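> Residues per chain, in single letters:
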Amino acid sequence: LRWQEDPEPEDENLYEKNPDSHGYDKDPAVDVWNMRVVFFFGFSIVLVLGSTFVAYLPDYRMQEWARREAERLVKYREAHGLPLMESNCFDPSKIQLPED
Amino acid sequence: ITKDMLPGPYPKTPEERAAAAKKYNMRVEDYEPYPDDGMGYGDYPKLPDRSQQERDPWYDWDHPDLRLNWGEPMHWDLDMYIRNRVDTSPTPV
Amino acid sequence: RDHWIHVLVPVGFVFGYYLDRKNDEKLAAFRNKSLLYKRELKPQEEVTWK
Amino acid sequence: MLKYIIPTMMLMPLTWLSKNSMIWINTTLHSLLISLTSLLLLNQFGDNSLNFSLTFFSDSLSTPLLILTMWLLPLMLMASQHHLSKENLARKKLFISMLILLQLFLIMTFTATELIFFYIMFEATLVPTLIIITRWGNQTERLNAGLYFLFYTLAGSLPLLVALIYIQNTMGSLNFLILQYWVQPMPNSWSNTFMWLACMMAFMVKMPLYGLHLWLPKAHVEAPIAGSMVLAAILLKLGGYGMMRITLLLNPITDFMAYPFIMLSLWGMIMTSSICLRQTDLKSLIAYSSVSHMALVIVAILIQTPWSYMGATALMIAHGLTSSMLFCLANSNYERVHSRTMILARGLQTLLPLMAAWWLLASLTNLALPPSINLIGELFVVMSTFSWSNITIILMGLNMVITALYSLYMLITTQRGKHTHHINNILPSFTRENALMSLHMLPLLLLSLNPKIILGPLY
Amino acid sequence: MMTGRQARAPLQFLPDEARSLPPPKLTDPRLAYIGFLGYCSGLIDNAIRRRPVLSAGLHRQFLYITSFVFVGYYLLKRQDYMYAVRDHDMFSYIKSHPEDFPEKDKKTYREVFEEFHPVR
Amino acid sequence: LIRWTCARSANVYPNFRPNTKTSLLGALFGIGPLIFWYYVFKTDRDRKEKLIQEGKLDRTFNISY
Amino acid sequence: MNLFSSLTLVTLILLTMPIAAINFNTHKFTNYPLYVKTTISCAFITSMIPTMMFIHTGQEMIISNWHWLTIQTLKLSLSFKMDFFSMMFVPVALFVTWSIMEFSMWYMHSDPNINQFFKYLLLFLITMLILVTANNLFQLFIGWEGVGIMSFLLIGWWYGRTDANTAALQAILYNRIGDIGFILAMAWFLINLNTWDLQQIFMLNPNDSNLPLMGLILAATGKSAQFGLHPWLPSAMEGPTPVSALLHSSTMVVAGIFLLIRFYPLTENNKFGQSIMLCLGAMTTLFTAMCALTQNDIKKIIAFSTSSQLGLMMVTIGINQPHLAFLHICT
Amino acid sequence: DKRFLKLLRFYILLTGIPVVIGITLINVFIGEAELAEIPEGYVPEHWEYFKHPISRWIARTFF
Amino acid sequence: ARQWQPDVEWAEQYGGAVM
Amino acid sequence: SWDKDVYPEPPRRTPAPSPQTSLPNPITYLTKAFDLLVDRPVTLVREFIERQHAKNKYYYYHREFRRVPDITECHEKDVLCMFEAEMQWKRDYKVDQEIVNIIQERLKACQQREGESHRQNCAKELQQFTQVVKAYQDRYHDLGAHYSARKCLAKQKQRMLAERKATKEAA
Ligand SMILES: CCCCCCCCCCCCCCCCCC(=O)OC[C@H](COP(=O)([O-])OCC(O)COP(=O)([O-])OC[C@@H](COC(=O)CCCCCCCCCCCCCCCCC)OC(=O)CCCCCCCCCCCCCCCCC)OC(=O)CCCCCCCCCCCCCCCCC
Ligand SMILES: CCCCCCCCCCCCCCCCCC(=O)OC[C@H](COP(=O)([O-])OC[C@H](O)COP(=O)([O-])OC[C@H](COC(=O)CCCCCCCCCCCCCCCCC)OC(=O)CCCCCCCCCCCCCCCCC)OC(=O)CCCCCCCCCCCCCCCCC
Ligand SMILES: CCCCCCCCCCCCCCCCCC(=O)OC[C@H](COP(=O)([O-])OCC[N+](C)(C)C)OC(=O)CCCCCCCCCCCCCCCCC
Ligand SMILES: CCCCCCCCCCCCCCCCCC(=O)OC[C@H](COP(=O)([O-])OCC[N+](C)(C)C)OC(=O)CCCCCCCCCCCCCCCCC
Ligand SMILES: CCCCCCCCCCCCCCCCCC(=O)OC[C@H](COP(=O)([O-])OCC[N+](C)(C)C)OC(=O)CCCCCCCCCCCCCCCCC
Ligand SMILES: CCCCCCCCCCCCCCCCCC(=O)OC[C@H](COP(=O)(O)OCCN)OC(=O)CCCCCCCCCCCCCCCCC
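Order-wise, the sequence lines are chains A, B, C, D, E, F, G, H, I and J.
Numbering-wise (our numbering), the first sequence opens with residue 83 and increments by one.
Numbering-wise (our numbering), the second sequence opens with residue 4 and increments by one.
Numbering-wise (our numbering), the third sequence opens with residue 10 and increments by one.
Numbering-wise (our numbering), the fourth sequence opens with residue 50 and increments by one.
Numbering-wise (our numbering), the fifth sequence opens with residue 9 and increments by one.
Numbering-wise (our numbering), the sixth sequence opens with residue 822 and increments by one.
Numbering-wise (our numbering), the seventh sequence opens with residue 13 and increments by one.
Numbering-wise (our numbering), the eighth sequence opens with residue 180 and increments by one.
Numbering-wise (our numbering), the ninth sequence opens with residue 113 and increments by one.
Numbering-wise (our numbering), the tenth sequence opens with residue 49 and increments by one.
Worth flagging that the hints you see were computed from the coordinates, not collected in a lab.
Built from N, CA and C at the ideal position, the CB exists for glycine as well.
Calculated Cβ distances over 12 Å to all of chain C for the following chain J residues:
no.: 1; residue: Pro58
no.: 2; residue: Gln68
no.: 3; residue: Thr91
no.: 4; residue: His101
no.: 5; residue: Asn169
Listed next, the stretches of chain A that the computed footprint assigns to chain D, with coverage defined by at least 3 CB atoms under 8 Å from CB atoms of chain D:
no.: 6; segment: 85 to 99
no.: 7; segment: 102 to 116
no.: 8; segment: 126 to 138
Excised from the complex, chain A in its bound form:
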């Protein structure tokens, strides 16, 4: 027998000696407290309170504000006969074109 070796162990079932096991640990008190850590700091901390935190973000990248500003500025140019948008972004009086 080449390279003398241990016999290969068994793929052990945690539910034989511990039918109340969650699968984290074979010592049941440490196992159930690991279950409590996973569920509390994974659901009662991160999913629920974190989803509340993401739910009430203060206007993530100004998607509210830029609407409301628009609801003023269209008012600023529906009244006084200005067009709603120019074809120019920057002022064409302060652009020096290259001559030909």
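We have chain A already, so just place chains B, C, D, E, F, G, H, I and J with the ligands on it with the hints.
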């Protein structure tokens, strides 16, 4: 698993072909490997190239949804010739 | 303390939080000097941000 | 960003001073605290990015990848402890330390202000990954898998290094905040052509590119479960994040040089999908699925339109969570049947019904079932590529047939049909395994409700 | 590079004009990194000689930390000295030769014509 | 089963001989479709660019891209 | 206004409540099929009020109750559209699904997974009434993929049978081939009109719309089992007879025809698309009704019958009569 | 599987129910803000630029 | 089923005068 | 509420109910049932909520981003002024985007509430939409996903070259 049951290169001599037929658990006259044209098969057997739908279903197989035994040399396209895919069972016309 | 290992990472976050707020003091070269957020200082208020 | 690097470094005395059964619980508890803490980077603005110091800033692009990365450590610590219960305590602490070290390199890869620090961390993420693959892998072919993973990436990146130093000699700096403003239009010569290739090919390797993807089906089926999760979910997204950083400097030469790599990816997303049709190895099927999804991210970055960048970042986040859940499902077979052959273990819905429901949910989100952000990313990429060229929809739509056909076949083979007769160690699902599936999928199902936090710098 | 600078005064680790600079603090973070390397040298020195990694050699770890901090302090002083010398030589050479360093007329973007290359 | 997974996956390149048959299959299957899709999308985008740069393509409402 | 929209959304929320009831259980239910049957009974009784107050006045509206996304110019809002089509189809869909559930209390009594079956059938009903009430192509794609995936999960019901799983994989393959054309249509409308909402599509009124109509014809061929993409509806009888009776006769398979009837302000302005729909519908109604003449399995014959009527629906769309086609669906 | 479902719903509802009750007690009692024009000389803090009280609390404390 | 570690057959590749 | 002018509506002109039949139509009785059983308790609940709200009044403010020097008066490769220019342009970019969103909302609501006669009666909203989409396409289209004020100014200079060539070639 040990290496003398695993596949090797394509055999040349008839004693190597006979030892490989002893490996794949099939008879020597029926032992046909894929031909040496360089495609990358090796000594893998070329089974009769039909579906598992043509298998007689009333036999008590080991894997009934495959209609396939244990240790029997599988086809090269076995996931292609299951009943979920391409059927080569004979048609009336 | 019987649970001295559960206060490495919260005290570590307090330490990183304080180093970041303290690093925000050294990059305050334009504290109330931008051409947008410039204004007159309100009384009993010597910085615009910390 | 020094409030996230200091606790991640503090996780090393948290894992080397812990008691012999506490070394999973302490790291999982504190890493979940760090992941809940990681939502503070949602202070983004529609004009300015969240900019911390000379060394670190975090825009709306690096932020979801950061939250995903700091969320991926507890999921790896849950996923990678049932096959390491008989492992020695010292090497168990070493495995946890390598995962924490890889998180430490990743969280300051994405927040890198100056791009040579991005390069140093971007190639620093090889070393704990390489140690994980070659040390805690399970089969014989991992050692070869330590070479193909390594010497491909460096074979692109040591030219890339040179390229970055050229910008340090030409533009004057490698800050991304400066190079938004001092970027010059890169003309046509062979010099600027190899400048483009040197900037792009290392990220093409780590996307992966169709043709340079040979490291990936070998580095996923030979890693352990935490390794496969972190290579699928983040380490393929270093390439996409880096391309979104680095194509700023590469205009307008990208508008006529990127065509062959667009063709490579638009045909590789068909060919690797047809490879996903014919995989006997389940974990290989999930790896080729990762290639077939990241090809669209390559296309959406190279066509460089806003719909394409938002679709590419949504598909990167969504495919990260989807492929991590799929590799954990492959692990939840492989810890009970002890073979990655997909045709071996059939009929698991008769045995594991809630786990079969998790297989159903991951198999539906892999084919981008709306309104999941898989379909948001996939959809915006397809819209922008119809904007690019009107024939490309064919190669998108044909892909969106075959993307179904391996997502459902993996759903049909592993779950439906007659069960296996010679197997009787199909144990019930642990609370670890179902908690693992829930923490993979339920953030991906909650991001359907509010996707506007994962949609790039130009939402 | 500076072999014409450190040739009139050889074998000086810190010259007289090295003290005209602000010295590093005791709370210098690079010096604290070298102190971390000293504690890691103590830890590896425990680990390779099969000692307890945290218990054995508190005087040994303490002198490893003190020795790395004591060498690193003067290495940081020489580092800051040589970069200050580099910038002092650069600024004196920019002052001495104005015709090689013209004040660049930065014309604003209203005159700068950059050709628009569209993405479609 | 282990033998079939080994023949399908881990014994492909050690069973390979590069000859004229496999070369004219590999080049015809690997780079052939790529060069074809290159010609297709390049012809279509050159036609599209020639239409856009003159205004001959109706691009009135196209503002999301 | 306070009545119509209220009972409209109350219909759909009343449908979504027993999914929350079945998912949040601890005990075994005391007669859960009676619970869901009473739910959809009261949903029919509820949805008859907006039908009556549409028949009297002619009151159509849009409930854009939740703006969900803004991709730089395109507003993705949770928008429902109550017009003639929803007001005449939602009572028919709810009433037929109510009859199918009270048939399923008789048929599926041998199943211990009967509660899972009624859960899945309610999920299909929710996604179908998302499909027929959508205001835009993204929400219509949500309902589209919802009814496609519930076609998968309810063809492959007895999952140990290989042919059922194979027919479900077949059905999704043909549906994704339809999805190619539907995503082509969404791509064309986004790029050339900057919209997915149907109001702006109908207002801008394109006239060189041959390619998006070819995409919508491919979508209808994938969903309503027209020729070239038909055989999934023959193979789709391998699921349960309530699944066939509801989905593949009355409720699912009239969704692509609903997509074509939905776009009548665009299909009214194309002759070539009408000729394509006319030839395809005649091809389908010839071939399926010819196949149904010699068969011997009764479910195959009635499935070929409803595919023949889908071919007739395609013909009567092709003659510029969408409303006779919708009357034919609800008949 | 039933034990996982009961523990999952319990540890979600453990902060699901009291935080939804807190959202109720903020939206009914504390109250959503109202839009106003900017006065002369008055410069708010950055958290007084948002609508909901919870977004204002986040913008004052964390950001 | 367990983890593979190298045997004598693999280790005799590293034992010659050369590689 | 909102602003009635930026979201315009025609005057609501409902016709009168003309009862001709002898059967009482169920809409009036279902309307009174929904009025008594649902509408008034929701009214009382909303007014209870209103009395809870009114005890603590406070306000937010619509933040004014005042104008800074734009990209045309910034020196080349000077980041301290072109940063302000770029942030100004990106905020104006989001504002123009939301203006186009407001015009889309106007057009869709005109097509709905003008019903079957939508092709004629919404010519003014269609004309406003066509002009603002032509302006948005000439302003921000085809910039690229790495857009900046340098890119927008380069596009604007190209189009002013084309307009000057169009003026010169016909004069
Ligand atoms: C709800 C608890 C359920 C059980 C708990 C457990 C739940 C599971 C765990 C959850 C864990 C937490 C998750 C994170 C939550 C974060 C919060 C959040 O998401 O906020 C979002 C968002 C934010 O609101 P906000 O910013 O906080 O405040 C809004 C205003 O600013 C301010 O508005 P306001 O101040 O005016 O109102 C404040 C509100 C308090 O605030 C809230 O309630 C809002 C927060 C609730 C969030 C709940 C989220 C959980 C999920 C709920 C939905 C799924 C449940 C399961 C499935 C059910 C069936 C679908 O006050 C009231 O509720 C009082 C009014 C009640 C009116 C109804 C009754 C009137 C008549 C009564 C007559 C009898 C008495 C007569 C005499 C009285 C004398 C005085 O809140 C909501 O959207 C509310 C949720 C419900 C919306 C409507 C639902 C139906 C919509 C139908 C149409 C659309 C769908 C169509 C579908 C079609 C088919 C597909
Ligand atoms: C911020 C506040 C938000 C509040 C609202 C919450 C929003 C959603 C959150 C996530 C909810 C998912 C929960 C169910 C799925 C996962 C677990 C599972 O397998 O359950 C089966 C199991 C029921 O089975 P069972 O008979 O009791 O026993 C197991 C069976 O033996 C074996 O079971 P089976 O095989 O018979 O069942 C398989 C069946 C298979 O059924 C299907 O596949 C058909 C339905 C899905 C496909 C077709 C529809 C596609 C979408 C259209 C409709 C939705 C959008 C409509 C929008 C309006 C119109 C546009 O699955 C279902 O029936 C699941 C129903 C829900 C499916 C959601 C979509 C998943 C499809 C993939 C992604 C699709 C796009 C994204 C959708 C995102 C929606 C928000 O569920 C449970 O026992 C419940 C477990 C606890 C659930 C906790 C959920 C909350 C987690 C997060 C907490 C923190 C955030 C605060 C929110 C708290 C809310 C309570
Ligand atoms: C994020 C990138 C990294 C990924 C990993 C993340 C790790 C950390 C994980 C933390 C949690 C996840 C983070 C993101 C959270 C996203 C969710 C969120 O915050 O949402 C806020 C959103 C907020 O909506 P909103 O975006 O419109 O915001 C409204 C605006 N405010 C709140 C300011 C007034 O919440 C909701 O949408 C909830 C709506 C009410 C509750 C649901 C009602 C309907 C329920 C279903 C009815 C039936 C439907 C049909 C069903 C058919 C069958 C299926
Ligand atoms: C993953 C494997 C494949 C990786 C592929 C990586 C890209 C392929 C090409 C890489 C070339 C090397 C980096 C180029 C950096 C260019 C920087 C620059 O500014 O260049 C302009 C400069 C131009 O010179 P200059 O800037 O000094 O010019 C003077 C200035 N003017 C123009 C005014 C006169 O380019 C060069 O000097 C040469 C560039 C080409 C270098 C050729 C040698 C390398 C050969 C290819 C190596 C490929 C990877 C090897 C590993 C593969 C596996 C073993
Ligand atoms: C059964 C119990 C129910 C709850 C009982 C107790 C509460 C009683 C009633 C009082 C509730 C409180 C007041 C009303 C609610 C809040 C009103 C409000 O304005 O809220 C802010 C908003 C309204 O929109 P908004 O425009 O004000 O804000 C959206 C947020 N921004 C603009 C930043 C993006 O949100 C809601 O009202 C949320 C409603 C959610 C309902 C639908 C859920 C769908 C779930 C699947 C999602 C995926 C769909 C994807 C496709 C979409 C289409 C393309
Ligand atoms: C309005 C326009 C209309 C145009 C119409 C004309 C053009 C399109 C014509 C249709 C072409 C595609 C459809 C044909 C292939 C259908 C594949 C399928 O699912 O077949 C069913 C088959 C088994 O089912 P069956 O044979 O019925 O079972 C009897 C039991 N002994 O199932 C199996 O064996 C399962 C096989 C799984 C693997 C499938 C491999 C093939 C995948 C094909 C993808 C096609 C993508 C097309 C993309 C187009 C892009 C434009």
